[PDB]
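So this first bit is one chain, no partners, the form deposited without the ligand, shown in structure tokens.
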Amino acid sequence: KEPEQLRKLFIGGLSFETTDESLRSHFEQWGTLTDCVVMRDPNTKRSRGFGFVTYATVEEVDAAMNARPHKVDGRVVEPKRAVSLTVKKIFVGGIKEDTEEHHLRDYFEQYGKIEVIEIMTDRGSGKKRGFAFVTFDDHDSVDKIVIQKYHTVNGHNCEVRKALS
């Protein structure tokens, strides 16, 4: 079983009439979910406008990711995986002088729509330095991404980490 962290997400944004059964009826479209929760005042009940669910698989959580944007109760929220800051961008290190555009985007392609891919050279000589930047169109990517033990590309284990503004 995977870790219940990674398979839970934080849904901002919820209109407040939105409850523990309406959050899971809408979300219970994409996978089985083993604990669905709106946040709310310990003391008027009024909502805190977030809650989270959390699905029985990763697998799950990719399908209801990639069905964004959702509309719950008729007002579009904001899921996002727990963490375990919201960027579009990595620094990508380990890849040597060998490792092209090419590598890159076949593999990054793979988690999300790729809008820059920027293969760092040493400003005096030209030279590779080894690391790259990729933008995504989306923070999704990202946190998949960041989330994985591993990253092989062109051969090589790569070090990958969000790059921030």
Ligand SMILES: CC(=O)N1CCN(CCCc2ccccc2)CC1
The other form holds:
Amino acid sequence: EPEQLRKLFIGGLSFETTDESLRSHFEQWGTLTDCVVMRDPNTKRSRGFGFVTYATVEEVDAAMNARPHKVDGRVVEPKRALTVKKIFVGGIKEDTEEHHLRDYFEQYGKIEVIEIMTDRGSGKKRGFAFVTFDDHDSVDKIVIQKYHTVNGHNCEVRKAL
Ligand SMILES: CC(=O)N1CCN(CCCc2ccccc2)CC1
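Next, give the form deposited with the ligand bound, keeping in mind that what was shown is the form deposited without the ligand.
Zooming out: every chain and molecule, the one shown earlier first.
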């Protein structure tokens, strides 16, 4: 997989976290090909964020599924390669129902709201929907896929608001 899709940016680090301690933590969920704490070029003081690179996307998934991560005593904020919990799903036409969207998207994350859009005047389905999840990583996984097939339709999916 492209390296960009195997990275996790890690915000909110303890300033005492090092390359070595960040690595020892995140190696619990996969092989790390890279692990860096960002520091000031003059003082060497941590900037409070870094990144790790796993060998595979499944390892990224395992790390994200193991949140919350407390690294060196502080809960950190990992994100993949803006942070929203809602998607627009277009191209679903008039025959797509809630259960089609739920059965597919529930495998990306926990769904809180499905809104199938209807015409304000006639009530007819407009052919698009919004899905809201309990967490942003679902959306991040969704929007990096080239394709989404739901109810036989190839759908357009994008972050919403
Ligand atoms: C997906 C996306 O929009 N982005 C991912 C990267 N984000 C910032 C990471 C900055 C960084 C971290 C670690 C080493 C160097 C630099 C913001 C942009």
